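Work the whole structure out from these sequences, hints included.
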Amino acid sequence: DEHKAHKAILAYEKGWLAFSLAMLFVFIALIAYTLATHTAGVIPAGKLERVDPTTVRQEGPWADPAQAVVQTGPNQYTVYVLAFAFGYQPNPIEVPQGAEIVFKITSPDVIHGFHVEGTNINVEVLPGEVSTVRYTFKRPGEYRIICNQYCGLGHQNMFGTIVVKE
Amino acid sequence: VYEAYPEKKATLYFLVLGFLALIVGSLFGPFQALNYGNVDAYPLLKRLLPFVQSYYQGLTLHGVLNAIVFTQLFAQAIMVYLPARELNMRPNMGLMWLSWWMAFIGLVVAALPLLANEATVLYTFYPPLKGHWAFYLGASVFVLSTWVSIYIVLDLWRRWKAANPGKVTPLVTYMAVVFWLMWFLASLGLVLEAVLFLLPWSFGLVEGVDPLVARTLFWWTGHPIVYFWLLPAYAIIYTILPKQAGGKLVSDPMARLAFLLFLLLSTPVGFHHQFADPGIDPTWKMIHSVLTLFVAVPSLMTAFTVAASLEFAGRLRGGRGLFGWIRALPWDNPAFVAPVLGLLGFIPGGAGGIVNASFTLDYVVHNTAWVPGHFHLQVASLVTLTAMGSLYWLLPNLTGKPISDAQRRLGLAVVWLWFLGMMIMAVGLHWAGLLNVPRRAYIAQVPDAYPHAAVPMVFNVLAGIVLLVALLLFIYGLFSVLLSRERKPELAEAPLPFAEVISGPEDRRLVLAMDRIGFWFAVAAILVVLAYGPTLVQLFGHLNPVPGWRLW
Amino acid sequence: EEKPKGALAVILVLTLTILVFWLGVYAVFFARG
Ligand code: HAS
Ligand code: HEM
Ligand code: CUA
Ligand SMILES: [Cu+]
Numbered sequence: 003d004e005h006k007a008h009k010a011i012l013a014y015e016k017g018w019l020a021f022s023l024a025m026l027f028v029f030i031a032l033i034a035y036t037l038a039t040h041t042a043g044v045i046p047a048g049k050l051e052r053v054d055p056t057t058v059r060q061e062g063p064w065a066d067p068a069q070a071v072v073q074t075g076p077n078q079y080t081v082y083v084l085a086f087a088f089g090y091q092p093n094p095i096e097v098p099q100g101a102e103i104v105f106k107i108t109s110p111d112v113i114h115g116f117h118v119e120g121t122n123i124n125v126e127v128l129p130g131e132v133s134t135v136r137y138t139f140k141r142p143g144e145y146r147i148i149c150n151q152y153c154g155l156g157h158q159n160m161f162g163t164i165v166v167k168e
Numbered sequence: 011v012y013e014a015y016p017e018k019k020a021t022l023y024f025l026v027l028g029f030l031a032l033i034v035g036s037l038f039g040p041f042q043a044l045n046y047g048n049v050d051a052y053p054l055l056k057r058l059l060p061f062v063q064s065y066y067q068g069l070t071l072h073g074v075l076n077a078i079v080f081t082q083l084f085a086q087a088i089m090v091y092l093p094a095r096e097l098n099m100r101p102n103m104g105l106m107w108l109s110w111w112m113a114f115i116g117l118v119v120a121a122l123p124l125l126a127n128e129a130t131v132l133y134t135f136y137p138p139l140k141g142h143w144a145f146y147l148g149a150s151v152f153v154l155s156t157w158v159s160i161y162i163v164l165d166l167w168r169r170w171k172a173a174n175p176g177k178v179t180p181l182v183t184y185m186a187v188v189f190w191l192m193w194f195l196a197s198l199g200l201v202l203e204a205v206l207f208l209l210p211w212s213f214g215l216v217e218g219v220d221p222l223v224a225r226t227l228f229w230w231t232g233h234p235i236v237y238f239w240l241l242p243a244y245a246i247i248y249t250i251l252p253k254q255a256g257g258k259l260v261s262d263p264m265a266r267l268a269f270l271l272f273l274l275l276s277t278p279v280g281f282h283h284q285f286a287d288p289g290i291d292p293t294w295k296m297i298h299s300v301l302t303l304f305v306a307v308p309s310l311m312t313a314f315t316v317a318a319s320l321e322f323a324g325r326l327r328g329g330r331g332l333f334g335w336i337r338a339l340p341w342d343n344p345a346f347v348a349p350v351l352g353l354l355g356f357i358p359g360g361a362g363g364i365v366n367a368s369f370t371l372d373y374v375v376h377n378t379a380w381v382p383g384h385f386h387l388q389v390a391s392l393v394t395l396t397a398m399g400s401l402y403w404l405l406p407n408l409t410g411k412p413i414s415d416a417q418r419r420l421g422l423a424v425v426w427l428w429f430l431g432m433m434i435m436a437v438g439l440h441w442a443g444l445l446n447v448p449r450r451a452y453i454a455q456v457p458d459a460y461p462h463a464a465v466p467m468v469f470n471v472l473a474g475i476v477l478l479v480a481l482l483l484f485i486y487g488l489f490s491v492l493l494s495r496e497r498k499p500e501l502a503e504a505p506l507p508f509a510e511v512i513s514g515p516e517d518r519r520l521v522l523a524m525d526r527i528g529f530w531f532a533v534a535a536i537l538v539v540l541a542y543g544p545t546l547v548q549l550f551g552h553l554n555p556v557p558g559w560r561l562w
Numbered sequence: 002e003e004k005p006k007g008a009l010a011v012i013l014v015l016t017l018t019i020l021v022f023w024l025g026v027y028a029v030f031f032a033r034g
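So the protein lines, in turn, are chains A, B and C. Quick note, the first sequence lines up with residues 3 to 168 if you use UniProt numbering. Quick note, the second sequence lines up with residues 11 to 562 if you use UniProt numbering. Quick note, the third sequence lines up with residues 2 to 34 if you use UniProt numbering.
I should point out that these hints are in silico values taken from the structure, not numbers from a laboratory. Think of the CB as a built atom: it goes at the ideal place given N, C-alpha and C, for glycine as much as any other residue. Be a bit skeptical, because a hint or two may be false.
Stated by the list, open to error - When the alpha-carbon atoms are kept at most 20 Å apart in a straight line, the in silico PhoX-like pairs for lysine-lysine are as follows: (1) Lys258(B) to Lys9(A); (2) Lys16(A) to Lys6(A); (3) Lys9(A) to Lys6(C); (4) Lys16(A) to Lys6(C).
What the hints assert, rightly or not - Partial chain C-side listing against chain B, Cβ under 7 Å, derived: (5) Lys4; (6) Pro5; (7) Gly7; (8) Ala8; (9) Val11; (10) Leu17; (11) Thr18; (12) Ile19; (13) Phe22; (14) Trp23; (15) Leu24; (16) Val26; (17) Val29; (18) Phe31.
In structure tokens:
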């Protein structure tokens with residue numbers, strides 16, 4: 003008693019640790035798995051891509067809303083999105099489904115969230131940096147974009163729309 | 011009581027200041043819970059509190075007061091006082107009162123801008139959102155207060171090592187030491203952010219700040235800071251709870267190992283808060299993901315060590331079968347209850363965290379109402395409750411004021427309510443999160459935005475009312491305890507209810523290794539440079555400062 | 002006395018919850034893929 007409870011307690015403790023490390027390594031494996039699949043596109047690009055947030059909507063690929071989408075491969079379209087204080091340009095965003103859309107998103111003011119409801123596109127958008135994410139839409143219809151990073155009084159009302167043509 | 015234990019006073023002043031903060035912050039809680047239940051209660055609050063300007067001014071105040079002011083002041087209380095009484099040594103009093111004044115001067119200075127709607131930027135304060143200088147200077151001085159606290163404890167520890175040459179650091183002190191060292195390393199992120207960017211910016215020395223480096227440096231501190239909130243509660247759970255339960259801490263070495271591992275892995279994991287950030291390598295994120303998974307381990311041990319100790323306790327109290335030991339615990343004692351329930355909610359809390367920390371899985375819930383669901387089970391539940399229950403032994407010990415049967419049952423209501431509410435809220439927030447409902451959002455001002463969350467919006471309403479009532483009862487009781495002129499001096503000079511430790515033969519060699527703190531602190535410091543070094547070097551090379559904005 | 006059946010009980014609940022959560026969201030991740 004007490005001392006007999008010590009050893010047993012310490013024994014099952016070692017077993018518990020062995021098991022807990024093993025379960026965590028299983029998790030580590032299943033994540034690595036997704037890192038090898040298509041679904042891994044949603045991870046923002048690692049390389050820094052610096053822009054001017056004060057000159058963003060006056061020159062360059064974000065200046066004209068009409069030029070926002072660009073066919074850049076046989077089934078690849080790059081969309082230049084701009085999330086700004088309380089909205090998203092272009093609105094709505096139009097893209098074909100079964101095509102790989104490569105978003106390149108920035109802001110001219112402060113930090114925004116870009117969260118496409120129903121997908122894995124959830125990225126932070128930084129003033130003076132480009133958030134590059136890759137995704138394929140498999141279902142067509144109107145996907146709603148939400149700002150999920152506090153950006154000011156009008157943050158709760160900052161919504162956008164992605165249009166993926168069947 | 012104060013002249014030979016003057017540490018007793020200073021410790022009370024931290025705790026009082028800390029419980030005021032907690033109250034003022036918590037007021038906004040109910041309203042936010044209602045807001046997430048699609049009910050707009052703010053014109054009512056704005057009537058009551060005419061200074062409040064926005065939902066977001068409220069949210070700033072709720073974060074800062076609770077998760078920053080309350081939690082720090084409670085750690086500065088426990089993680090100085092508990093070692094002091096174990097060692098039976100006096101902390102450098104000159105230094106102790108200096109740290110209190112800093113925390114108080116700092117709190118007032120920052121408050122003035124917060125209350126003046128001059129820095130509605132939330133507790134994260136992400137640039138380019140530009141707050142009033144006195145917010146940043148106030149925060150600084152508030153957080154540097156802990157650098158005095160580090161010193162204080164190291165001083166105590168050195169001095170004890172001198173009078174006991176070659177003896178192993180006692181348990182609590184060991185916890186306190188690795189604690190304050192870990193915080194020291196961890197604080198370096200935020201201090202740099204402040205010193206290099208946020209201070210000169212707010213003062214107007216510069217006109218821009220890079221958001222990417224700013225939030226990187228932020229999170230270097232950002233993650234460990236939550237451990238900084240957790241460990242003072244862990245210290246109480248490991249060394250006082252088992253005595254409140256009627257048993258013993260079943261392993262000294264385990265507790266040491268848990269804490270050591272926190273020292274090691276607390277800081278080098280910040281990228282799990284930046285999974286959705288650009289300009290950071292996906293490999294570095296996978297790495298920080300794995301180390302994050304590892305930082306789970308310490309709490310996994312904690313869970314067994316602690317559940318054993320309470321089973322054992324339950325057993326001595328005449329425990330029954332598989333579940334008998336549960337019923338034989340002192341459920342009439344709020345000091346036992348509060349932290350046990352906290353631990354219950356911590357199970358769903360942890361599972362939440364591990365999910366968040368799985369890299370690619372973060373995209374499902376990042377910035378959604380799930381995240382606030384996660385952390386109210388951690389900080390607002392486990393930490394706060396252990397903090398609340400602990401008044402039942404700590405307040406008397408400090409003041410000599412007893413606790414009547416009424417106040418004991420009052421507490422019991424408060425404790426159960428707070429726990430039920432939080433649980434109810436947790437179901438709400440997680441559910442809403444999976445349903446893509448964002449956080450930091452005044453969503454009751456756009457009622458038609460999220461119809462798909464009909465039913466978990468009910469829970470959020472329900473929590474808000476339950477937790478309102480619990481809050482008012484807390485204030486009523488807490489003040490009933492501090493405002494009574496009942497005093498027994500002899501219970502003020504009653505030793506803390508530290509728990510006995512069970513110890514075996516194998517301990518010696520393992521504990522000995524763990525008492526090589528200087529070596530472990532250098533190991534920990536290296537891990538920090540290995541994880542953050544390569545990336546910080548890369549951002550600092552390519553600084554792209556953008557100008558400030560005020561959007562409130 | 003003996004085996005910490007109670008503690009083992011607790012860590013089982015903990016483990017199971019973790020799996021509910023982890024596997025649950027791992028599904029939702031692919032569902033939104
Ligand atoms: C004080 C509160 C804090 C704790 C503690 C905490 C725990 C974890 N978290 Fe977290 N967290 C994340 C990962 C983790 C992980 C892996 C853990 C782990 O430490 C959890 C370990 C816990 C366990 C492994 C469970 C142990 C269970 C125990 C010990 C209880 C057993 C009960 C017993 C024995 C009682 C039985 C008794 C009887 C009588 C039967 C991640 C991702 O990796 C995010 C990013 C989300 C995003 O995208 O923004 C995150 C988000 C947050 C935020 C949002 C920050 C913001 O505003 O931006 C806060 C404030 C926070 C606080 C805390 N968090 N966390
Ligand atoms: C009275 C009980 C409480 C209630 C009803 C409550 C409710 C809430 C709700 C619904 C949110 C989400 C607000 C949003 O995302 O816009 C929130 C945010 C938050 N709560 Fe609480 N809470 C309570 C207590 C606490 C406590 C005790 C703490 C810490 C000690 C705490 C820390 C936080 C933090 C850090 C945030 C995040 C603010 C931010 O995102 O910047 N809460 N609270
Ligand atoms: Cu943009 Cu919130
Ligand atoms: Cu974290």
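Hints and how they fare:
1. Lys258(B) to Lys9(A): With Cα atoms ~15 Å apart, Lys258(B) and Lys9(A) stay inside 20 Å; holds.
2. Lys16(A) to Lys6(A): OK: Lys16(A) and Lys6(A) at ~16 Å, within 20 Å.
3. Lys9(A) to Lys6(C): 14 Å, holds
4. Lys16(A) to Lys6(C): 15 Å, holds
5. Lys4: 10 Å, violated
6. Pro5: It holds, given that the least Cβ distance between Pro5(C) and chain B is near 5 Å, below 7 Å.
7. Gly7: 4 Å, holds
8. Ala8: 4 Å, holds
9. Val11: 4 Å, holds
10. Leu17: Violated, because the Cβ-Cβ distance from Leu17(C) to chain B comes to roughly 9 Å (cut-off 7 Å).
11. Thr18: The hint holds - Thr18(C) has a Cβ within 7 Å of chain B, the shortest such distance being about 5 Å.
12. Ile19: 4 Å, holds
13. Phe22: 4 Å, holds
14. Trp23: 6 Å, holds
15. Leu24: Violated - the Cβ of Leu24(C) stays beyond 7 Å from chain B, reaching only about 10 Å at its closest.
16. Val26: It holds, given that the least Cβ distance between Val26(C) and chain B is near 5 Å, below 7 Å.
17. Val29: 5 Å, holds
18. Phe31: Where the cut-off is 7 Å and the nearest Cβ of chain B is about 10 Å from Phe31(C), the hint is violated.
Going through the hint list in order, the structure does not satisfy hints 5, 10, 15 and 18.
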